[PDB]
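Form deposited without its partner chain, single chain, as structure tokens, below.
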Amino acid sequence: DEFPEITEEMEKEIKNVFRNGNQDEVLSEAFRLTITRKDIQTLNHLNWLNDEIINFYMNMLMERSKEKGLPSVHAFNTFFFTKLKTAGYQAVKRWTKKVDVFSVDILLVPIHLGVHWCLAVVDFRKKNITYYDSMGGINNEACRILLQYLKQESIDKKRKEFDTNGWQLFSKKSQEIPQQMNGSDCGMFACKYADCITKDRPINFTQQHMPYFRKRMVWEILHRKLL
């Protein structure tokens, strides 16, 4: 335990933005994104997160990754995977215009499967590609789709072969990682998995920590500051 606490004063800030008012009010703005009162509300109660929250959060992990001791990180926008599974390399090879995906330690790939979120992660240090689902599901397919994409990107941006030597692809089973009870927490699980993983910290929390993680993320998002 010893999760950073949310002081009373922090709580007032949180309560305030869960209130009603200008639903368009830009609560925070960064990385080409825009979190409004409306997006922020998707964190309330037991509401489903929306893509804006997820992408904004993933970008904070990415910004945090700029410090040392820590593994450098690129985070793909959430639309990336689905525009890859359903339309292939061609539709998304553009998005990495100006990005050397091979120059970082870790890639985050939020995976939107219907109403559900999961996450895949390319860690180059370990030389492996891993899939995380807070519901137990496994999805070697998605890891192979990322290998293919990786393969095809090496050629394209690098004119070189992608070396799969030692490279392992796989899913983590329900006992390896805390599981959800509320379907709506799936997005929180994905964001929180990436938080530990990008700090190279063990995934320590469980489902009971979710009400608090939602409250905290509102806060973090609003200050563009991770605790």
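Basically, rigid core = biggest C-alpha set you can superpose within 1.5 Å across the two forms. Shifts are known only where both forms have a C-alpha. Numbering follows the first chain given and starts at 1. First, how it differs from the form solved in complex with its partner chain.
After superposing on the rigid core, the one stretch of 3 or more consecutive residues whose C-alphas move by 2 Å or more between the two forms is 4 to 8.
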Second form
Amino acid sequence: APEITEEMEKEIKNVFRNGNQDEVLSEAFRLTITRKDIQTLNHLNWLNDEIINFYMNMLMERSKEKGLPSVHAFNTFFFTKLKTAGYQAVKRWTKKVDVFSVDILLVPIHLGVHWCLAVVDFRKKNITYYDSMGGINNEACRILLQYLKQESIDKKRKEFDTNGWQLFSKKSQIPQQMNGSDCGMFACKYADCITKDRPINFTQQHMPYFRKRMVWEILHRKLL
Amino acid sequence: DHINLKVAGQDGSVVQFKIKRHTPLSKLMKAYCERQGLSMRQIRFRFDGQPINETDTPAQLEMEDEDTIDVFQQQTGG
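I have the form deposited without its partner chain already, so could you send the form solved in complex with its partner chain?
Below: every chain and molecule of the assembly, starting with the one above.
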């Protein structure tokens, strides 16, 4: 929640200033973050898919620690593909992942010009939708519940059990966007506290600090 | 040895390729963007949901014959 930002500000300003784009910085999970990618965290720029998916994989890496729920995060192209093309178009994206062996499923959702987060929590038996703009999208979780039913079959040949599987969206119970560009920041910071099993404590006033902190976190591949 | 595959774009257009294996797919990626005219920083080359980076080879990936590589574009959002 707190943490300072030390001589990192010089390191953050070093990559914020202009250099040749496409120059790779930070490589993990067979993923690269070019200079163009990290530029989306500067000022009030719109975050892109490379920054979000890289951050989700870092939360995935932290999930292996004791005292934290195990997490599997879909890439930002999953929900868009599943909703528009059906389950059989994404049925083979999870041939090395048993989604029913983890505690939390992270589903980053791209909405053309907007980011949002849907979370599957097998512990609470919940499929929650998080929108920093206050939008309600219960159809998105009904899509994910139908995905789980078609995923328990085809992968385990078991009819998925659906008791207490609450499909709901958040209202004014999570901090709101207050501008028009910090959306990907809210989506990633939502998942950070959710994967830590900690309450969502931040507000919009923390986003400028979050953007520069994420720059250092991505470069060093270390979550703070 | 060698295997053929298709690189289907979001518009349903096919670009056929053959490749050796244990060789980086960086060259196949470069050839695809040289045709669409767009930068490669604009296009993501994903196979069966898995991001293909320049060091990935069809050996470490599951890719067999007549496989398909889905092509997606950059997602921005605010």
